[PDB]
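Of the protein chains in this complex, all but one are displayed in their positions.
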Amino acid sequence: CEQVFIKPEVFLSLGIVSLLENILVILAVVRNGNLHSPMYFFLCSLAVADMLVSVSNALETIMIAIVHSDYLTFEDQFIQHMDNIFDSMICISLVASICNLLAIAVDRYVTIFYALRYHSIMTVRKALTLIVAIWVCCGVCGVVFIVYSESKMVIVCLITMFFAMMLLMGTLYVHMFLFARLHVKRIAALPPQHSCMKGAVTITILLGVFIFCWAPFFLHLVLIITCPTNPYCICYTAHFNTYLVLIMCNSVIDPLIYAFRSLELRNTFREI
Amino acid sequence: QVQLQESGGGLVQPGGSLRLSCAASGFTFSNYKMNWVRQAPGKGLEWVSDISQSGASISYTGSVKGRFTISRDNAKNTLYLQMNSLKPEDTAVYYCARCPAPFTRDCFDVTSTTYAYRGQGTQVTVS
Amino acid sequence: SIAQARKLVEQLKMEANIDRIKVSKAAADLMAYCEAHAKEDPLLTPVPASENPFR
Amino acid sequence: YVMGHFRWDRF
Amino acid sequence: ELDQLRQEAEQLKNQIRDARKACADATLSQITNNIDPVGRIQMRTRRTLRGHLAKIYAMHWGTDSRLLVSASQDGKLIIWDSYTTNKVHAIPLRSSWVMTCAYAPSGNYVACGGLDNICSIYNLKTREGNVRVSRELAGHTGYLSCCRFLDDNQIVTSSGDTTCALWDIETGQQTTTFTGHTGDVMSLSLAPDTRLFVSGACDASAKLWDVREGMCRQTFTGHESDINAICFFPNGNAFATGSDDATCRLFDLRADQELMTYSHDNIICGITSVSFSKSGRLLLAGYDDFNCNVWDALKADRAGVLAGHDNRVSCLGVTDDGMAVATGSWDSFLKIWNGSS
Partner (left out) sequence: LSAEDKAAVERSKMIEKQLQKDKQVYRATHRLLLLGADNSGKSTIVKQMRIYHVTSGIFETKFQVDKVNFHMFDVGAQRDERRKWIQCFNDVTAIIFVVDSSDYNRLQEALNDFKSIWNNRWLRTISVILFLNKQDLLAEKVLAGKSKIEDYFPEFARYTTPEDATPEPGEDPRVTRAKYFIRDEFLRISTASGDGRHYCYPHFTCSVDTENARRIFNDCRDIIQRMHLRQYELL
């Protein structure tokens, strides 16, 4: 199996589209007074994470173009030190996207299952505290992941983080769906596009986009660490760039199933 | 002024027939919901029947579903209630009432003690 | 009952007595107010942005 | 320096 | 006997109708064709004032056209300085359900009222560290809807008990009671000369009330449903009523007859607040369509739209110098609009 290359046009196009969408989301939140609750601060944070993923990969794509082409032959030393910054940016945005997705999920769970005490335990100050804590921990982890890269435990740390934040998100959303199923059963018992089907579609999308857009990359990392010479793994590792494209397509999809599934932002976007 | 002048009424033997008519003037007749509200002697104001803007929806009460019928035409500003097979309980004053707001399915204060958009009333007596 | 209708008639007979005036000069009192105050109404003719406390 | 998109493509 | 009184009332009604239909030689549409159109009057949100938690139901400017009071269903009056978006006073209330506010011309007093059936008069200029409840006028049977000061010791109120009243503050008692409304009163507007005042109620009816005689003066019909707002023309020679049938109308008090009917086929939602600019040439009206429309009072064309609220527009008021326009809505925002050249 041979290493797979893909055109830089893919990275550039996805970066532009995703940056457009996420800037649109953040402006749509800022241009509407009724939407300064804790639930939209997390959406803005997720838009920031997605746009950083996109623009970081776009800059590194343009620079791969500038280096592979003979134009402006850079010194060998420059490219390494000036790479580490872009790769740190990608790692920071990568981790922060997962952490913001889990933040949205935990907030929704608290909203449903702690329904009357929600406003007494999720003040806006607490929302911003959690947001800034997420971003600082993501930054420190990103820099210590790139700087200390060839070490073995940096990959294992990422694999554990992602699998934890996959199964936790799954449990939260399945619990919410089962509760909604129970409620719909208790609405059908009244004296006189099924709701179970609607909830199932929503949960399958929210979990399947996450899996089929992030888990290929971390499966790649597991294969890198564990099985580096058996051809049962080399053919999977051959597609690095495709997995990166999956992550950037997730950055495109995310401000479309979380921020545009609300009529408030929908009508704000329609107005603007 | 919202004027609802009523016709019909009088004394009819039990098991009789009548046609109460309420002619309306001073407002757009088509875009309103209307009702009948009767007041028996020694009793409060209660609700008999209801018809909507275009006449598609007709509703009554339990003690009326088999005898009285509600109708309305829009070209002539009139509301009709046809009464038959009456009972001694039917003897009452009758008022044709208009729901307060146009283009709404809401009828608040139709049976109120005091109401601006109500008829003066027609007496229907049954022996 | 009777007293209420009597009061209604007594107040209503006041109403048919007031000295009405024809509209063509009851609508010329207006349309002359505007012609005399159109040069001092900020919203109808906007003020220059210098002497406008709202910027 | 061997350069490429992101990192950890190999080990 | 009672039917005789009914016939007498019918005869007086017919006489009134005929006399009114006599002195109506020209409709205002015909005698305003030569008038040049207003054009298009656009306005922009110069300031937006935030701090209210719930719906805003009332809003009144002051005599200096700088400070304005606003009343919200969270039990709060705020006295904003629209020049700088500051807050000068924030008075909590005893009853969290308030539907009206005022602001005394001297600047020393504000008023509030609501479903508690009490008019609370708050004293502002005291200079010791707090804002005290100067008086609590009580005696109304239904909810208050609008109260407006004549001076520092005389207030007028309109209630849901189908009445209006003139109260003396220091005394505390009602000096006069204005009765004659079949339905509950929604809005009252005091004359520029403080000599009469007009009131419009849920029965499709508005009237003048003579303050110093306690008696009604004229009556006006023409609407199909509740009258929700009322305001005097810059002189006590007209007033505009916006009703719940999605129509505005202009009533004179010399001709004693409708003058214009502002409406559109599209408009189906009702009307909440009306006000006039300081020329009699810009009638501003809020709607339940989450927007406010500008109207001109001599041509019955829109000649202006004013949107920007996420919910029902519940307040409206121009300044005494004509420089601004405040709109309060159910989204808890106070938008101070001004035009531009």
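As written, the chains take the letters A, B, C, D and E, and residue 1 is the first residue of each chain.
Convention: a contact is a pair of C-beta atoms (placed from the backbone, for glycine too) under 8 Å apart; a residue touches a chain by one contact, two chains touch by 3 or more.
Considering the full assembly, E:202 is the residue among E:43, E:124 or E:202 that touches the omitted chain. Checked against the hidden chain, the listed residues E:27, E:117 or E:174 yield one contact partner: E:117. Only one of A:177, A:214, A:217 or A:236 touches the absent chain when the whole complex is considered: A:177. Residues of subunit B in contact with the chain left out of this view: 46-47, 61-63, 65-66, 100-101, 104-109, 111-115. Touching residues on subunit A toward the chain that is not drawn are 108, 111-112, 115-120, 123, 176-177, 179-180, 183-184, 187, 189-192, 195, 198-199, 202-203, 261-262. Where subunit E meets the missing chain, the touching residues are 51, 53-55, 57, 73-74, 76, 78, 81, 84, 86-90, 92, 95-97, 99, 114-118, 138, 141-143, 160-162, 183-184, 186, 202, 226.
As a working rule, only the chains that are shown with their structure count from here on.
Pairs A-E and C-E differ in how many C-beta pairs touch across them, and the larger number is found at C-E.
Chain centres here are Cα averages; for subunit B and subunit C they lie 39 Å apart. Subunit A and subunit D have Cα centroids lying 21 Å from one another.
Of all residues in subunit A, none touches 2 or more other chains. Subunit E has residues 6, 13 in contact with two or more other chains. Within the complex formed with subunit E, the subunit C residues making contact are 1-2, 5-6, 8-9, 11-13, 15-16, 18, 20-24, 26-31, 33-34, 37-38, 40-44, 46-49, 52-55.
Listing the residues of subunit A that touch subunit D in their complex gives 11, 57, 60-61, 64, 67, 76, 79-80, 83, 87, 90, 146, 149-150, 155, 221, 224-225, 228, 237, 240-241, 244. The part of subunit A that touches subunit E in the complex is made up of residues 32-34.
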